[PDB]
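Asker: Given the coordinates of chain A, work out where chains B, C and D with the ligands should sit on it, guided by the hints.
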Amino acid sequence: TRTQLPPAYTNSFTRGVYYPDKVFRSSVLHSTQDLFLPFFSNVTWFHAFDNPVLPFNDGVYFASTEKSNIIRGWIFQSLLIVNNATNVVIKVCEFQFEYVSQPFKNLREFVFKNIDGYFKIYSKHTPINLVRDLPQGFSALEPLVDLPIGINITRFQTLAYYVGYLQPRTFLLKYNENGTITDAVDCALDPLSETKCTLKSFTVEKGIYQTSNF
Amino acid sequence: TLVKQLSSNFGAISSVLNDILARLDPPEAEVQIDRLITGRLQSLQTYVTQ
Amino acid sequence: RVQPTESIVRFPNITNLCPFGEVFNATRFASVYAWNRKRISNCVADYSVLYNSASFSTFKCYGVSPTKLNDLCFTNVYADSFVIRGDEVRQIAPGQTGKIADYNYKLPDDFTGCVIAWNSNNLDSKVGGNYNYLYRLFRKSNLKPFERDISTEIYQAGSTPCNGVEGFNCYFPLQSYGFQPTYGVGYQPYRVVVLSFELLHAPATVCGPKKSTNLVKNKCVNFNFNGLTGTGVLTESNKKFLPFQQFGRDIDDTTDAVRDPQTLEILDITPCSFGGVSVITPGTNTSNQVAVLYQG
Amino acid sequence: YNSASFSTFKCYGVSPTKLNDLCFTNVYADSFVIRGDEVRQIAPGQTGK
Ligand SMILES: *[C@@H]1O[C@H](CO)[C@@H](O[C@@H]2O[C@H](CO)[C@@H](O)[C@H](O)[C@H]2NC(C)=O)[C@H](O)[C@H]1NC(C)=O
Ligand SMILES: *[C@@H]1O[C@H](CO)[C@@H](O)[C@H](O)[C@H]1NC(C)=O
Ligand SMILES: *[C@@H]1O[C@H](CO)[C@@H](O)[C@H](O)[C@H]1NC(C)=O
Ligand SMILES: *[C@@H]1O[C@H](CO)[C@@H](O)[C@H](O)[C@H]1NC(C)=O
Ligand SMILES: *[C@@H]1O[C@H](CO)[C@@H](O)[C@H](O)[C@H]1NC(C)=O
Ligand SMILES: *[C@@H]1O[C@H](CO)[C@@H](O)[C@H](O)[C@H]1NC(C)=O
Ligand SMILES: *[C@@H]1O[C@H](CO)[C@@H](O)[C@H](O)[C@H]1NC(C)=O
Numbered sequence: 001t002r003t004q005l006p007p008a009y010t011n012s013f014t015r016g017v018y019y020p021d022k023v024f025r026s027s028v029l030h031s032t033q034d035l036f037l038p039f040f041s042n043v044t045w046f047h048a049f050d051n052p053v054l055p056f057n058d059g060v061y062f063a064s065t066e067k068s069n070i071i072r073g074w075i076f077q078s079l080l081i082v083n084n085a086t087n088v089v090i091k092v093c094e095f096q097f098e099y100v101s102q103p104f105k106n107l108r109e110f111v112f113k114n115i116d117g118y119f120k121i122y123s124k125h126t127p128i129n130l131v132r133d134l135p136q137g138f139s140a141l142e143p144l145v146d147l148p149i150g151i152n153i154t155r156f157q158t159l160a161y162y163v164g165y166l167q168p169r170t171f172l173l174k175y176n177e178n179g180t181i182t183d184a185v186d187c188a189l190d191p192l193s194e195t196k197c198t199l200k201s202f203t204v205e206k207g208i209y210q211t212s213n214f
Numbered sequence: 215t216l217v218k219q220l221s222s223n224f225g226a227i228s229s230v231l232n233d234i235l236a237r238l239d240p241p242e243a244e245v246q247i248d249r250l251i252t253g254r255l256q257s258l259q260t261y262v263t264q
Numbered sequence: 265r266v267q268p269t270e271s272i273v274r275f276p277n278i279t280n281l282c283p284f285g286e287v288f289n290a291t292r293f294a295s296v297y298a299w300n301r302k303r304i305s306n307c308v309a310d311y312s313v314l315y316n317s318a319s320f321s322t323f324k325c326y327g328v329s330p331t332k333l334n335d336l337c338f339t340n341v342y343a344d345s346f347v348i349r350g351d352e353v354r355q356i357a358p359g360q361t362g363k364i365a366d367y368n369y370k371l372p373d374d375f376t377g378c379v380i381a382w383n384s385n386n387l388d389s390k391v392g393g394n395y396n397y398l399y400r401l402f403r404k405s406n407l408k409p410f411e412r413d414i415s416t417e418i419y420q421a422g423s424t425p426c427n428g429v430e431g432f433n434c435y436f437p438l439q440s441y442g443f444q445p446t447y448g449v450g451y452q453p454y455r456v457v458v459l460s461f462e463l464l465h466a467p468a469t470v471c472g473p474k475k476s477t478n479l480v481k482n483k484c485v486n487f488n489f490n491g492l493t494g495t496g497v498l499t500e501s502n503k504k505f506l507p508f509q510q511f512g513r514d515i516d517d518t519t520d521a522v523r524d525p526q527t528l529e530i531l532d533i534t535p536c537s538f539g540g541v542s543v544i545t546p547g548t549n550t551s552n553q554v555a556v557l558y559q560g
Numbered sequence: 561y562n563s564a565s566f567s568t569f570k571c572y573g574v575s576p577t578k579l580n581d582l583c584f585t586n587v588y589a590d591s592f593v594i595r596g597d598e599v600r601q602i603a604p605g606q607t608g609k
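Those sequence lines, one after another, are chains A, B, C and D.
The first sequence begins at 1 in my numbering and counts up one residue at a time.
The second sequence begins at 215 in my numbering and counts up one residue at a time.
The third sequence begins at 265 in my numbering and counts up one residue at a time.
The fourth sequence begins at 561 in my numbering and counts up one residue at a time.
Only chain A is shown next, with the shape it has when bound in the complex:
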């Protein structure tokens, strides 16, 4: 059985950030640039029979709302990421490098990037009992493990959820007293955004500000 059904649509609302490095900061406004998810972008919401081969771009944003662990792993020689009741399976071959870690209403998010021959995994477990459109709450996706395989990946196949695409952008991450991400503001979205970016502050007063050149 392989059924067909037209795809749906939805919009991102200020979701998806992760620590660009392993370093700690406290109550500062450190600025950085990387491959992030731009704010207010179309999210191709896939509702489940359907499992097409999704084109793995430079950076994705995988997030499932809540199920009974029907999702087990993903597809990426070929990377075999999958989870069983026993140790999570990490293998690399054309199944028809290997590694295992440990035997294994809400909301889960995952981002996949591949730079310098490194496969990074940022994730976050959020207990949320909201509705089809995910709510608006700022949170980060801490790193879990970095297994390097350094191979050529172009396609990924899943095993109700959302997917998105990352782009090279410059952000501004606000840090609290405990060094946790609480607020994020961009400066490639709206004129107010780049004003806030160049002034390096979260409040702007009346006046004129020079931003860039045309």
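Heads up, a few of these hints could be off.
Claimed, not checked - In the BS3-like style, the derived pairs of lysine-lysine whose C-alpha atoms are separated by at most 27 angstroms in a straight line are:
#1 C/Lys363 to D/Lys609
#2 A/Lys22 to A/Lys196
#3 C/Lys475 to A/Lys91
#4 A/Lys22 to C/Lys363
#5 C/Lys363 to C/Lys408
#6 A/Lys174 to A/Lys196
#7 A/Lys124 to C/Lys503
#8 C/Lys408 to A/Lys120
#9 A/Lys91 to A/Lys120
#10 A/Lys120 to C/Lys302
#11 C/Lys408 to D/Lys609
#12 A/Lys22 to A/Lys105
#13 A/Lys174 to C/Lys504
#14 C/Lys504 to A/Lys22
#15 D/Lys609 to C/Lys404
#16 A/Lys174 to A/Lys200
#17 A/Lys206 to A/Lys22
#18 C/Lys408 to C/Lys324
#19 B/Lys218 to A/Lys174
#20 B/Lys218 to A/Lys91
#21 B/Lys218 to C/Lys363
#22 C/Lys474 to C/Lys302
#23 C/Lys408 to A/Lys113
#24 A/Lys120 to C/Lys504
#25 A/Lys120 to A/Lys174
#26 A/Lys105 to A/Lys67
#27 A/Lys196 to B/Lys218
#28 C/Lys504 to C/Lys481
#29 D/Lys570 to C/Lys363
#30 A/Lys200 to B/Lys218
#31 C/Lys504 to A/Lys124
#32 A/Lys22 to C/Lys404
#33 A/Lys113 to A/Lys67
Note that these hints are calculated values from the structure, not bench results.
Answerer: Chains B, C and D with the ligands alone, transformed into the frame defined by chain A:
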């Protein structure tokens, strides 16, 4: 602006003096050190004039 | 200025040795057409094996002096090995143009590491010529750093179809070296190994042979941690880091908090160099007693 | 170069693909007719009769 100018590489291998010292040799360390000296000195000149 | 008194080391925790015999002293080596890459982690390298034992033919280290090699911890060591003609050795250089540097593995301009080479008399040579080794000769476009080509399509020249349509202006991009014992020294095969690494980009994975020392507190002393070094008073901290976070910065993005790989605790760093002298005098003519002052 | 009407077409020491691109000082040519057993004799590093 002065303090932030420190992190600038100024066309050298790195920015930390201790880091450059460890991985280089005294016979030819003159290049990076000289470039850093010139850059930071010029920054001081501008700041003092202002 | 306050002067530091002692020095402390909390640098290593590993015990395994880096696999190197197969890297260098062995004989099975891939062609320059297809160069193998090896991953090395969680062990200790030794310059004494490389610098001291034997002499080989090349010890050209770029970016970092060889004498200080096994003194700074690295991250993600990568090793590359291949065999080329001795006449082609000079072409392997940062930014130097060359046929192998144009159509085969090309060294980046900013490469930071070392290259070791030595001649092969007959180990990889045949009396009739070692034709297994091949070198790329013809290519439509140049390569980018750390790239490989696997297509064996017949090179295309002019408008005549090639790459399967054998004919005029069509040539095989790969040529056999044909190493022979009777060949000249410059034409003899040379065994060259390329090693590369990264510095201060990630937690320590491959550290030097130097062992750790005890841990002192409340006195500004030289400290080293995975490569980072500095001077300042070390003391306990109250800020709690994430289980993965190691370093610590400030508004100025300067190191002020470190995690000991042994004790696994939040350590504070405070400046110890400070002071300025002001001398007040009643005048040389009047008297000679003076009263020093320290500014801060 | 694109005529493709020759039994022998090669540039020694220079790239025939890029010849209409750089300026020289002087150009000279010698023309003659030889046998089929003597074609390879006229070549750099080649000797014979
Ligand atoms: C940063 O952490 C501190 C310490 O947990 C938070 O301050 C409160 O500390 C008391 C200790 O008696 C706890 O019982 C409270 O639960 C803490 N507050 C919270 C909200 O957890 C402080 O709030 C934290 N900062 C932020 C922005 O959450
Ligand atoms: C999302 O896609 C739909 C149709 O593909 C389009 O009408 C809409 O404008 C897109 N969203 C934005 C913000 O442009
Ligand atoms: C789960 O799957 C892995 C995959 O190889 C297998 O090794 C393991 O035995 C499985 N465990 C159970 C309980 O099915
Ligand atoms: C990756 O694979 C695709 C499809 O085979 C190919 O077009 C692309 O050139 C490859 N890239 C690299 C860097 O190998
Ligand atoms: C490594 O650290 C552990 C725990 O701090 C300690 O017990 C052990 O002796 C250390 N070994 C080395 C080689 O540093
Ligand atoms: C094997 O390699 C080691 C280090 O890689 C070296 O010390 C040793 O001499 C080699 N054995 C030989 C050359 O027989
Ligand atoms: C010192 O001062 C006194 C009075 O102020 C004056 O008479 C004397 O000449 C001075 N001596 C010198 C060496 O300046």
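Asker: So which of the earlier hints does this model not fit?
Answerer: 1, 3, 4, 11, 12, 15, 17, 20, 21, 32
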